[PDB]
Amino acid sequence: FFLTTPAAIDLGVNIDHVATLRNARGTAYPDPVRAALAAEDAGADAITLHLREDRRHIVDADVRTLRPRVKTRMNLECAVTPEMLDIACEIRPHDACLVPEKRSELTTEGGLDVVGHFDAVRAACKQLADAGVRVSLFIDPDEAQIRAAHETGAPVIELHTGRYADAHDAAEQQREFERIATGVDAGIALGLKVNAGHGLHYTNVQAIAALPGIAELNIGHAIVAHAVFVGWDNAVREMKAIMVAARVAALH
Amino acid sequence: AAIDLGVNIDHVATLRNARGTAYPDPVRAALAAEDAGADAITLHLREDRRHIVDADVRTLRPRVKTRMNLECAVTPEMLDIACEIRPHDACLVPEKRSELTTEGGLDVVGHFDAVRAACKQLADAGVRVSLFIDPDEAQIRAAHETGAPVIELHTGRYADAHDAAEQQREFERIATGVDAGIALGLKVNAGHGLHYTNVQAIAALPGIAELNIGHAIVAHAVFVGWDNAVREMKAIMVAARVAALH
Amino acid sequence: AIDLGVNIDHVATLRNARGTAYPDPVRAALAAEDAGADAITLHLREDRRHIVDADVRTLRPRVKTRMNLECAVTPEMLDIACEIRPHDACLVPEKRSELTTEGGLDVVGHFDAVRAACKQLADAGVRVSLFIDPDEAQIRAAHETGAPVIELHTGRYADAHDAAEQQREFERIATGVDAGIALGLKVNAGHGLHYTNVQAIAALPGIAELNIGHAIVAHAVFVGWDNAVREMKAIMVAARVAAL
Amino acid sequence: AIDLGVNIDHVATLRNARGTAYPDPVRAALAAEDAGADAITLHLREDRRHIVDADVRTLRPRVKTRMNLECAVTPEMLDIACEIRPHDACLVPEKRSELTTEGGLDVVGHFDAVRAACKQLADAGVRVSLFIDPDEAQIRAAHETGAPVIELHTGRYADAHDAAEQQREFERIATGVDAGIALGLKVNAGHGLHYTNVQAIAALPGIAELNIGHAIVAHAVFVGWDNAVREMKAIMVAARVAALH
Ligand SMILES: CC(=O)[C@@H](O)[C@H](O)COP(=O)(O)O
Ligand SMILES: CC(=O)[C@@H](O)[C@H](O)COP(=O)(O)O
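Protein sequence lines, in the order shown, are assigned to chains A, D, F and G. If you count the first sequence from 1, you need to add 2 to reach the deposited numbering. If you count the second sequence from 1, you need to add 8 to reach the deposited numbering. If you count the third sequence from 1, you need to add 9 to reach the deposited numbering. If you count the fourth sequence from 1, you need to add 9 to reach the deposited numbering.
No wet-lab data here; the hints were simulated from the structure. Warning: the hint list may mix true and false statements.
Facing chain G, from chain A, some residues (calculated, C-beta under 10 angstroms) [stated by the list, open to error]:
| no. | residue |
| --- | --- |
| 1 | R24 |
| 2 | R27 |
| 3 | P32 |
| 4 | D33 |
| 5 | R36 |
| 6 | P102 |
| 7 | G222 |
| 8 | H223 |
| 9 | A224 |
| 10 | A227 |
| 11 | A229 |
| 12 | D235 |
| 13 | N236 |
So the derived list for chain G, only partly shown, Cβ under 7 angstroms to chain A, looks like this [to be verified]:
| no. | residue |
| --- | --- |
| 14 | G28 |
| 15 | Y31 |
| 16 | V72 |
| 17 | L108 |
| 18 | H223 |
| 19 | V230 |
| 20 | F231 |
Note that the Cβ used here is the ideal one computed from N, Cα and C, for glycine as well.
Sequences and hints are given; from them, build the entire structure.
Here's what the structure looks like:
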């Protein structure tokens, strides 16, 4: 027996692709800012948005307008460059996730190469922390990178669920799932909080939300994709409900 | 499908009957529920025709793309209508106070012969029969003795529970009642009073074949739209079931 | 501009059929306002068949727009209305002795009662409306009561069995609107209106507000409440603006 | 009484962002028909920026209403349009050398090319619309090409920065319609129209069909696709019918 309760597993909603849609036409709509606040009303525990150097989807006005309006938590994804880090320390989001943008900054799987850029990342982690931001590193589920993330001082890691999501068949999906599971264990063993989310959708998130060690799933595209047919409030509420049901039933 | 959802459409008819027009149309509701993931449509032709009326059942029966579950009382008029229509499934429910226990399930012990004969009459018309009963040892045992292959447990007290403690105690009656029915070779269903925050623990029980759910879906549908309400409930149950199996 | 009043009564109907708190008429009202409703309407019946007293009391201080309280001409219900101080009250017939055969309030027949109820609600700062048939004599009686608003019974128009009958019943409403506006009355409508018969009524310039209930709930079950309300509002505004 | 063409380009825009099959432009198309759309519109661009050949090829046999294919006046795409045999085609500018400063197809300037294209498509049984500005010189030339339909560029109306500018531009669209009907053309519109500016355009009795794209997808994100389509149609019908009576 158990009580269902929303605190069991947090959902971060990524609003980037609402921006993709708005930028397509050039008007202010559909508004990413309204998207974020409506997601909070629908049960999102944080709002996630990636301010790219090249400002391809989310733009600066989106971040600056939304920051003071946020009811829950802002999770600002950004690159490890001095100028973006300055923006992050000025805006003071509750959380930040350091993500690679330039190819020299990522691995072949797609996570931050914390190993190869160790000093720069440890410094970023320090200044963000000095400005009161809880820092996460978006990394591959590779034990060396996880260990390296822990050495940087970052309290959080976000594991890259892309290969899990894009698995070609069930045998390959299970293998990638095991990489994630053992990534979570190694991260927890070092006292890191561990998140996930990349590529997760309405039929592959359950197996991930059933992992007791995961704190928060940060989900973007799939929610927007489901919203077009179903409506934003419902797409959010539904993904949250599925996550919570998987989490709780797997615990007891 | 890891677990089946039957969507009950009675309270769509409640809305319709309040106005006297054909809208909102229960028949549309039922076919759309199937399109959004329902494995069966449940409907209760009461003797007093309070919500669902005969024409709703007759129109729906040849259209249904999954399974029809007809709820009805144990009386000749209704049983004969059921045998004429030949739904895939029927669930015998009480409509008179003399037919129900205080908990509100069918009093199979007190009306054993009438119920056992009903079971025979429907089984002859090719209908899979279920008895709507309390999670009560005596009633479960009696149900097995009627020859009906299915029971649906009355999850009302569980659903209506006020505290964590009271709901825990009622949950274990249901869990116990599932184990008992399975041990006698019955399929066990549930669903009365189940909604979007109490369905998960019941779906987590692997012995439950199908949850037949009504008012919670229609109530949520008002705000969220019917396709979404059904889909979401199905998603939550499957997530609960499969996560608990592994 | 044309106003939509959303009647939440049949949300309460769905709730009372199971005995839980859901669907919550209070939440339905507050979300109708978010979706564009200009007022919320609810009929506290003497027999509390759908909406109940706790519904009206809980919602009243939360209203961001206007509350239109439908109730009968009896002292208890008038006492409750004067205590709640809704923005609007619409006096409706409940007893068979208060009904015309068409179904509106017999204001001619209960003039003194209705006038006193008007004075009583007006003293409590409530803008009073009388639900009536599109009948010139009732419209006149309505005006003599001192009520500033009338709501015309569009149910015959709504339930017309064919186009000829529907057009004649439309002409009656149109004439009623002219008659009521010629006396200084605000005129409302809405009984039985839905998504393919509201347009013609919305197109009449003299209509201030359409108070619509069951059609929005029936649509919302498939479409969602927010959508159903916003859509009715948009259709109404489309019709009105194009008509001018 | 008035038709709604639902343009599905920006559903694909959303799909290509991620590189999976979702959200599926084909599903959107079919669900729009169920919601009341009279036609499905898609622009197969020469660079394939949103809609791709698979979308158009897979959607075509499944279309229950009619397909309106937007494509450019060049052999490759015209040859494709003839393969697909959509019910309607709308010729539109894609290169800087084919469009006016306002953004319409420079029909007067590419007359021989457009006339040939109208011939080729009509001989494949496709009914041809030309996307043009509401300028008399271009409407007259459109008629000269043999094309039975024109679609007026409502973008300047839609982008108007004040009430006065919006009246001026509205008058251009209105007189553009008169001028087109006078030559026996069917006249459409659609570019830039949304849920608070479509009404004045829908009130014009001469307008056959509104082809609307981005406003619906943008609304759909919050309210759901079926609802955004149905609601656009109902506002169009409401405004049209009330304008007639
Ligand atoms: C489908 C719909 O939109 C409903 O509103 C319905 O078709 C009419 O409602 P009535 O029940 O009021 O006739
Ligand atoms: C305001 C709204 O909800 C959108 O539906 C609107 O369509 C915006 O349209 P634009 O794409 O024209 O800004």
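Checklist entry - Under the criterion of a CB-CB separation shorter than 10 angstroms, is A224 (chain A) in contact with chain G as hinted? => result 8 angstroms, holds
Checklist entry - Are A229 (chain A) and chain G close enough, Cβ to Cβ, to be under 10 angstroms, as the hint says? => result Status holds, d = 5 angstroms.
Checklist entry - Holds or violated: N236 (chain A) as interface residue toward chain G, Cβ cutoff 10 angstroms? => result 7 angstroms, holds
Checklist entry - Would the stated hint for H223 (chain G) survive a check requiring a Cβ distance to chain A of less than 7 angstroms? => result 4 angstroms, holds
Item to check | Proposed interface contact between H223 (chain A) and chain G, which counts if any beta carbon pair is under 10 angstroms | outcome: 5 angstroms, holds
Checklist entry - Against chain A, with CB atoms and a cut of 7 angstroms, does the hint on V230 (chain G) hold up? => result 5 angstroms, holds
Checklist entry - Quick one, is the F231 (chain G) hint okay against chain A at 7 angstroms, beta carbons? => result Holds, about 5 angstroms.
Next on the checklist: Can you verify the interface hint for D235 (chain A): is its Cβ closer than 10 angstroms to any Cβ in chain G?
Outcome noted: Holds: closest Cβ of chain G sits about 8 angstroms from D235 (chain A), inside 10 angstroms.
Checklist entry - Against chain A, with CB atoms and a cut of 7 angstroms, does the hint on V72 (chain G) hold up? => result Cβ of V72 (chain G) sits 19 angstroms from chain A, so the hint is violated.
Checklist entry - Do the numbers back the hint for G222 (chain A), that is, is its least Cβ distance to chain G under 10 angstroms? => result 9 angstroms, holds
Item to check | When the least beta-carbon distance from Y31 (chain G) to chain A is tested against 7 angstroms, hint result | outcome: 5 angstroms, holds
Next on the checklist: Checking hints one by one. Is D33 (chain A) an interface residue toward chain G, by the C-beta closer than 10 angstroms rule?
Outcome noted: 9 angstroms, holds
Checked against the numbered hints given earlier, this structure breaks hints 6, 14, 16 and 17; the rest are met.
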